[PDB]
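Given next are the chains, with one letter for each unit.
4 protein chains.
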Amino acid sequence: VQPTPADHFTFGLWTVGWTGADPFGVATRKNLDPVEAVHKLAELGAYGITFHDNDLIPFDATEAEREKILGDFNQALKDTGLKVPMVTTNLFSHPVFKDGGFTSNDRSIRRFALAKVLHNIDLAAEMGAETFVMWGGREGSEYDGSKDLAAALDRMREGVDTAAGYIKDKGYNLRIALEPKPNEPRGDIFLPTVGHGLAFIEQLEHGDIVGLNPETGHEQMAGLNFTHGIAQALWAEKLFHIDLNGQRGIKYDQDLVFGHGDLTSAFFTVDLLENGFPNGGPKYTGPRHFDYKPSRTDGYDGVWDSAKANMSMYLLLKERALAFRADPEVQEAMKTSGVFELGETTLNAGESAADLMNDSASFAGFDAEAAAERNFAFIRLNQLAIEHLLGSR
Amino acid sequence: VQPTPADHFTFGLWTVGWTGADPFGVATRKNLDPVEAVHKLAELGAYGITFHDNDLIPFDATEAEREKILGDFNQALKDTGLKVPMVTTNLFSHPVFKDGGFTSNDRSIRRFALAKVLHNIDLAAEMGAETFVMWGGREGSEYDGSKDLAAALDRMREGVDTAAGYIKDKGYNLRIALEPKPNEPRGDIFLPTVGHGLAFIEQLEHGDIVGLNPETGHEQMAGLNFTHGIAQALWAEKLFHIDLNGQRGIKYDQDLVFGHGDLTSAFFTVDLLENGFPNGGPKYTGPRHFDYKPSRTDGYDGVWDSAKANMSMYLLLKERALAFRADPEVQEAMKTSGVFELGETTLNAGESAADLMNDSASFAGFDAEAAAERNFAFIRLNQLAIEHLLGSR
Amino acid sequence: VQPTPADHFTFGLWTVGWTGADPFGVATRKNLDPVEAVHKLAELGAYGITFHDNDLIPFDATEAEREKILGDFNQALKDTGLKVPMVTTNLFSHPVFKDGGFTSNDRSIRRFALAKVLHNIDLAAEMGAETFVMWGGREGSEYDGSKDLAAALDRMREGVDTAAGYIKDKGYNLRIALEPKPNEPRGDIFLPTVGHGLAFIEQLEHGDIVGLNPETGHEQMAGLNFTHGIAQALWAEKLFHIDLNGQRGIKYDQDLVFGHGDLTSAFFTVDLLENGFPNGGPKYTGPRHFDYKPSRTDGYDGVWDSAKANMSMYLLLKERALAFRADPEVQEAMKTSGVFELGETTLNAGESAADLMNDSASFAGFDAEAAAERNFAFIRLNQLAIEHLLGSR
Amino acid sequence: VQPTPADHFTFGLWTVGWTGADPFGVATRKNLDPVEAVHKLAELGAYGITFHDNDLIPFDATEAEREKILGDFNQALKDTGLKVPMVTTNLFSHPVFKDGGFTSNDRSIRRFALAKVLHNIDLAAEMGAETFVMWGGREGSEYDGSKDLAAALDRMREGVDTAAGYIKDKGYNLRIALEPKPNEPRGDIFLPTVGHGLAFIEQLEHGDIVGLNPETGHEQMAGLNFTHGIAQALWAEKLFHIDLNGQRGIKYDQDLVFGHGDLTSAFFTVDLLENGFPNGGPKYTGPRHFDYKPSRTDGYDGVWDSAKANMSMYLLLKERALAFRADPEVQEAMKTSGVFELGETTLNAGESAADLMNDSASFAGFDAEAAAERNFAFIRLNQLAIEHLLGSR
Ligand SMILES: OC[C@@H](O)[C@H](O)[C@@H](O)CO
Ligand SMILES: OC[C@@H](O)[C@H](O)[C@@H](O)CO
Ligand SMILES: OC[C@@H](O)[C@H](O)[C@@H](O)CO
Ligand SMILES: OC[C@@H](O)[C@H](O)[C@@H](O)CO
Ligand SMILES: [Mn+2]
Ligand SMILES: [Mn+2]
Ligand SMILES: [Mn+2]
Ligand SMILES: [Mn+2]
Ligand SMILES: [Mn+2]
Ligand SMILES: [Mn+2]
Ligand SMILES: [Mn+2]
Ligand SMILES: [Mn+2]
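Sequences listed follow chains B, B', A and A', in order. A prime marks a further copy of an entry chain. Position one of the first sequence corresponds to residue 2 (the deposited numbering), numbered consecutively onward. Position one of the second sequence corresponds to residue 2 (the deposited numbering), numbered consecutively onward. Position one of the third sequence corresponds to residue 2 (the deposited numbering), numbered consecutively onward. Position one of the fourth sequence corresponds to residue 2 (the deposited numbering), numbered consecutively onward.
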């Protein structure tokens, strides 16, 4: 292992800063000072830090306190070298956001959440963030008739397009990344998966600067294939940022260390981010951000162990994934399974639909029974990945 | 109850025709003749019938048999009055489609599946279908490295855009509807949810004639809110057809009768299709198609009971949903919860992002603590829907 | 439907008293005075109230304070007539319980937890409770190597047998009810389902006074059929208490109002509680307790509405379920499907194994293809039940 | 890693013999001659083979045919040396079993099923099997009113006690292993988890020779922790057999190769099977049986590869898990986290309940805030385990 700033490992203030209050109990750890967070992360090898507005500046803070806090915070960044690649807004903790921010049924709350966002774009630009994340955690319902489902999406579009037009208007070098979550805190959250988020962006006026921020655990909460889902985001050129963590099953959002959830899936996630596609295509070159929570059973030595562990796991997996693809038995196994064959277009250069239809060899005279004999050898190919992952090869 | 053709209840041939072979056992019912299917459905009050190419014409059938089968089939339609609103292709039963049709790793199979589709568009147009459904049941994997995820989506786009360009080329009055499914038969199926399907359509060259065919049970297999998901399809103006059935939980695709799964959700599904949105907007006016399977424990009297039951459930639920929205206590409950308030734009006519930011009343001088006191009364509003559903009001 | 004390609707103090703090935000409602909870519930028709030691008496409460609180609460009970059928212990909120109470890895903590339970048995006895509930919320792990799993069960056994032994010694008219939950707050909780709870009880020294307290939503968090789970518990005579609420799928513990989750399942649980088993058998006679949480979106008017909705839902389901079994059409359908034939022993009186295998009629010349022809008509029985549920019959 | 007969790898005939028929398509592979299965498995290092009555002997097999088949298969066994450790009955494939075998609603069917089992006990005994497995696949319902649930358990009990009684009477050296599955093929299956299986066994007349046969993927279909489930079964001394495979989430029964599902869980199951409990306790000593299905995409080369992958995966996990516990660093971490302190009884020798509640140190003056400071360091213990798993240590 041994991470270095070149690796682009970024951590949120709320991750290591998470004190342990869950639904059935109080905090088990003392508050973490943000200046202490910066110094500790930088010592460990992180490249940058992210935060929610209220992670740094209390909801209550007076103008004088905002500036006091920011001066110390900017000093620490200076002292250490950490960048601030992403900034986000808390539109979920305060009681006012109980029915959402942007899709709150109350119009005065929608205006209040949108202004909170607009002000936060100003700080984002001031900090040098390239990405502004939006996780609509309270946008949804417990009951199906609580909302006019079409109006909720119109109100979501108004907020996102107002914010986007504001970025464009000010010429900030910022992009919006939406973050999908199927449920929790709401019984049903709007734009629950990568797909729903991607689809929604296509209905926006300012869609060009809006992309996604998928999170491992979140897609796994709907039982989906995370690599499949980031693949589709990348393919659409909408994978703007990423949150890496662990989740074991469909249950509450666990936010374990990356690699402490579905290990085999984490491996293929790393192969996609590091290696990209077998036949070539797009690559994700942004930060490797960890949106996790250090288990409440553990003290501060567990907090810094867990931060370390996120980075180690990614570097261990990276290593095994480079070895796996480089392996000539793997490349031959890949060749056999038709991995490169899928890259070939289906139609010959210039062939029309009409041409393929009436090509006797592709249909009328095709031997479907003989084509069905093909041994795709997907099991053997899977077996080679696991052995590479197990450090066995 | 009592359905009539005006209700637009359509059934697939494979639904009532399902003989009971599941993964752990053989068929428990005798094959259903298609001409018997047409006569029986029409007697029950159905409006139309749908089918997969191989539901009617065996894979093997010679040209002479195709025409014999179609003549009898067209005669029965004539005899009875049933329309054929949707046609689809089987790209999953034959051993040749073991790695998919359109995204098969084998290029010769991709060509064979696309030609099978092209020929089937011709029959679709011949039959008077307005919708051509595409359920990519074998498009996916069990193992993450079996596929080049970007190439799979390029091969999916090539098939769908070739088929679409073919419709446009021939001037058929047909639209393509993709049908999402999270898993089964594959461990992970591409375009697993409504969202993923919607997003994918936006990357197509011929996206204008491509929409979705969501299925109750399928979105429920990822634990999603079906009404939420069809809401988003409708909002995007992509809800081209629908498959209604029942599913109890995240497990195998059960395909129970509509209403025999998640009842409360079926109720709100019916409220959305019949009533549309509380503040007005889009409406789904296509057929009410039932993609279900009559439980294998039951004989043919259970088959016709189940067909009846699909229609009854929808009409019972429709009744309760009309009463619920018409109810003045419900409309006042709705008013109280802010259902109509969400329809109001957030920004005043002409207000800019800049204007809202610096409006002291929306941010600086906003009383967030007072706005948080609002009783949204969502529980009471839910309670009124259940009582209407229970026939209690 | 108007509840009367005779209905036996019990409510925990923590239910209507739930303030709204969740993992992503703060309390939305002010604390509830216990005196007031008692009075309000008494006006609604509640029969009794239940509580956790710390819901009533603060963790750090001095003795003078404990006496006052108890004085106020016993005054309230005397004034209103509310009974206190169950008392439980909080072994999950204080940070000392972060790895469990009874199965904490730290021995001093295990000792404290058992002491804390023993004292609470005295209190339970002085309050007149018949049931003592144990919900081991912190008993489990996030990670598989955290626990010696055989040793966690010995530790669990030690604690519960010590508590049972003490009950017996003291002559208290108290039974212990264990309550399963699959996950949350821990990634995996010990004794996660009704099956695991019943199984563990059989390894206990004092299992005769140890039974279960299943909760609707907890069984649905593993995707099990709650009606089937309480039927096993009844069948083993181990259904000592029940916790009624609603859950809308496999996700975080929702604790919605009873019937605000899976509706048909709610209906069939009510049918089991009220009508018992179709061929007779044990019947559940304890409190009909609601362990739910008033959505945080709702103000105090919502709290009493939701309290009321629980009893309304239950009474509405009871009315329907009584009509359902009383229907001649329903009884006929039941007959046809073999619901009453299941109740007949398989063997004949004094028919042994050998007698049966040698009986020619039963095996050697049994016509399996003719037997397989039976139309069980389970679909039609199900349709009849739903029609009773919707009150269209 | 090369398996030897000493490893005790057993395979069902239906596993490598699985032809590829699923719910959406036909068989992709030709039938496997049983003689050949035996020989191939013997060359790979299998120790034994298992089967279902009908995998070997057709349902309609005449007596002359049954004798031949048995002759061929016993020849094969004699030639290769393969043992037959478990035999099971098919009570799910024929349409007669559509509502179950033992808990079918039709009494004549229940009789046939019990007869069919009794005969198969004779066969099992003649083959030299130590275990008799019962997987009640058709025992359950799709709908809640289909069964008298107390009566379904009496019927289940009757059947299993009759089979156990008969074993005892005949003097066979056979134990019965019940195998839970939550759903599929039925919507809900009776005795769905290890907990339910263990619980039911305690209500049996002859429960002493009745234990469990848990399957990896089945527990993961309810989202439970398989390692925790087999630990309860071990702890109760009821782990008679095990079925190893992989499952990638809550969905249809995948039956992938062992380790091709949840990897860390596989690792921790292997650690439990090989290393036992950290503080000692019972140990599992039966066959390491694989109940998997070779993906249908793969030809016969894939079948033997996958067979082989199962034993490779298991041996690789064993190597790692032995290294893991042998590591001093790992043992130190274990010490720190209290893995060995869990094993110490909570009470002191001859310390009663009263002694403890009155012990001041344990409760009255226990410093709960100081105890809560303990850093359990479960995260770091977990990181060490994963690092052993990936062989980076
Ligand atoms: O579930 C919590 C979400 O993952 C947030 O942490 C977003 O990433 C930032 O608001
Ligand atoms: O899971 C099966 C699918 O639902 C299909 O029936 C499509 O609706 C038509 O191919
Ligand atoms: O998940 C929370 C639990 O259900 C508690 O309310 C128990 O019922 C009593 O501690
Ligand atoms: O779901 C199928 C089952 O797992 C069977 O293979 C049993 O193990 C034996 O009938
Ligand atoms: Mn998360
Ligand atoms: Mn996140
Ligand atoms: Mn389906
Ligand atoms: Mn469908
Ligand atoms: Mn709960
Ligand atoms: Mn509870
Ligand atoms: Mn299985
Ligand atoms: Mn099995």
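Check the hints yourself; a few may be wrong.
[As the list claims (entries may be wrong)] Taking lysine to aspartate or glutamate pairs in the EDC-like style, the calculated list, with each CA pair at most 16 angstroms apart, reads:
{"hint": "1", "chain 1": "A'", "residue 1": "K171", "chain 2": "A", "residue 2": "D356"}
{"hint": "2", "chain 1": "A", "residue 1": "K336", "chain 2": "A'", "residue 2": "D107"}
{"hint": "3", "chain 1": "A", "residue 1": "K31", "chain 2": "B'", "residue 2": "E374"}
{"hint": "4", "chain 1": "A'", "residue 1": "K336", "chain 2": "A", "residue 2": "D107"}
{"hint": "5", "chain 1": "A'", "residue 1": "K31", "chain 2": "B", "residue 2": "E374"}
{"hint": "6", "chain 1": "A'", "residue 1": "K169", "chain 2": "A'", "residue 2": "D107"}
[Stated by the list, open to error] Some residues of chain B' that are not near chain B, with every Cβ distance over 10 angstroms (derived):
{"hint": "7", "residue": "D8"}
{"hint": "8", "residue": "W15"}
{"hint": "9", "residue": "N32"}
{"hint": "10", "residue": "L33"}
{"hint": "11", "residue": "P35"}
{"hint": "12", "residue": "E143"}
{"hint": "13", "residue": "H197"}
{"hint": "14", "residue": "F278"}
{"hint": "15", "residue": "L323"}
{"hint": "16", "residue": "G392"}
[To be verified] The following residues of chain B' were derived to be distant from chain B, with all beta-carbon distances above 10 angstroms:
{"hint": "17", "residue": "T20"}
{"hint": "18", "residue": "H53"}
{"hint": "19", "residue": "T81"}
{"hint": "20", "residue": "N174"}
{"hint": "21", "residue": "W305"}
{"hint": "22", "residue": "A355"}
{"hint": "23", "residue": "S393"}
Think of the hints as simulated: they come from the structure by calculation, not from any bench. A virtual CB, placed ideally from N, CA and C, is assigned to each residue, including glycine.
Evaluated hints:
Among the hinted pairs, A'/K171 with A/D356 is consistent with the structure: their alpha-carbon atoms are about 14 angstroms apart, no more than 16 angstroms. Distance check on the hinted pair: A/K336 and A'/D107 sit about 11 angstroms apart at the alpha-carbon level, within 16 angstroms; holds. Of the supplied pair hints, the one linking A/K31 and B'/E374 holds, its CA atoms being roughly 10 angstroms apart against a limit of 16 angstroms. At most 16 angstroms may separate the alpha-carbon atoms for a hinted pair to count; A'/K336 and A/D107 meet this at roughly 11 angstroms.
Pair hint A'/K31 plus B/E374 holds up; C-alpha atoms about 10 angstroms apart against a cutoff of 16 angstroms. For the given pair, A'/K169 sits about 28 angstroms from A'/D107 by alpha-carbon distance, which is inconsistent with the 16 angstroms threshold. Separation of B'/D8 from chain B is adequate, the least Cβ-Cβ distance of about 23 angstroms exceeding the 10 angstroms criterion. Every Cβ of chain B is farther than 10 angstroms from the Cβ of B'/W15; the closest lies at roughly 20 angstroms, confirming the non-interface assignment.
With a least CB separation of 22 angstroms from chain B, B'/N32 remains clear of the 10 angstroms interface cut-off, as annotated. Separation of B'/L33 from chain B is adequate, the least Cβ-Cβ distance of about 25 angstroms exceeding the 10 angstroms criterion. Consistency note on B'/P35: stated as away from chain B, and its beta-carbon is indeed over 10 angstroms from all of that chain's, at 23 angstroms minimum. For B'/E143, the shortest C-beta to C-beta distance to chain B comes to about 7 angstroms, within the 10 angstroms cut-off, and the non-interface label is violated.
The Cβ of B'/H197 does not lie farther than 10 angstroms from every Cβ of chain B; its closest approach is about 3 angstroms, which violates its non-interface assignment. The beta carbon of B'/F278 sits about 4 angstroms from the closest Cβ of chain B, which is not more than 10 angstroms, so the claim that it is off the interface is violated. Non-interface status of B'/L323 relative to chain B is upheld: no Cβ of that chain comes within 10 angstroms, the nearest being about 14 angstroms off. At roughly 17 angstroms, the least C-beta separation between B'/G392 and chain B is larger than 10 angstroms, which holds for a residue marked as non-interface.
The Cβ of B'/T20 lies farther than 10 angstroms from every Cβ of chain B, with a closest approach of about 23 angstroms, so its non-interface assignment holds. Every C-beta of chain B lies more than 10 angstroms from that of B'/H53, the closest at about 16 angstroms, which supports listing it as non-interface. Here B'/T81 stays apart from chain B, with its beta-carbon at least about 32 angstroms from theirs, past the 10 angstroms limit. Taking the minimum C-beta to C-beta distance to chain B, about 18 angstroms, the non-interface status of B'/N174 holds against the 10 angstroms cut.
Once the 10 angstroms rule is applied to beta carbons, B'/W305 is consistent with being away from chain B; the minimum gap is 32 angstroms. The claim that B'/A355 lies off the interface is violated: its Cβ sits roughly 8 angstroms from the closest Cβ of chain B, which falls inside the 10 angstroms cut-off. At the 10 angstroms boundary, the C-beta of B'/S393 stays outside the reach of chain B, the nearest C-beta of that chain being 16 angstroms off.
Hint compliance for this structure: hints 6, 12, 13, 14 and 22 are not met, and every other hint is.
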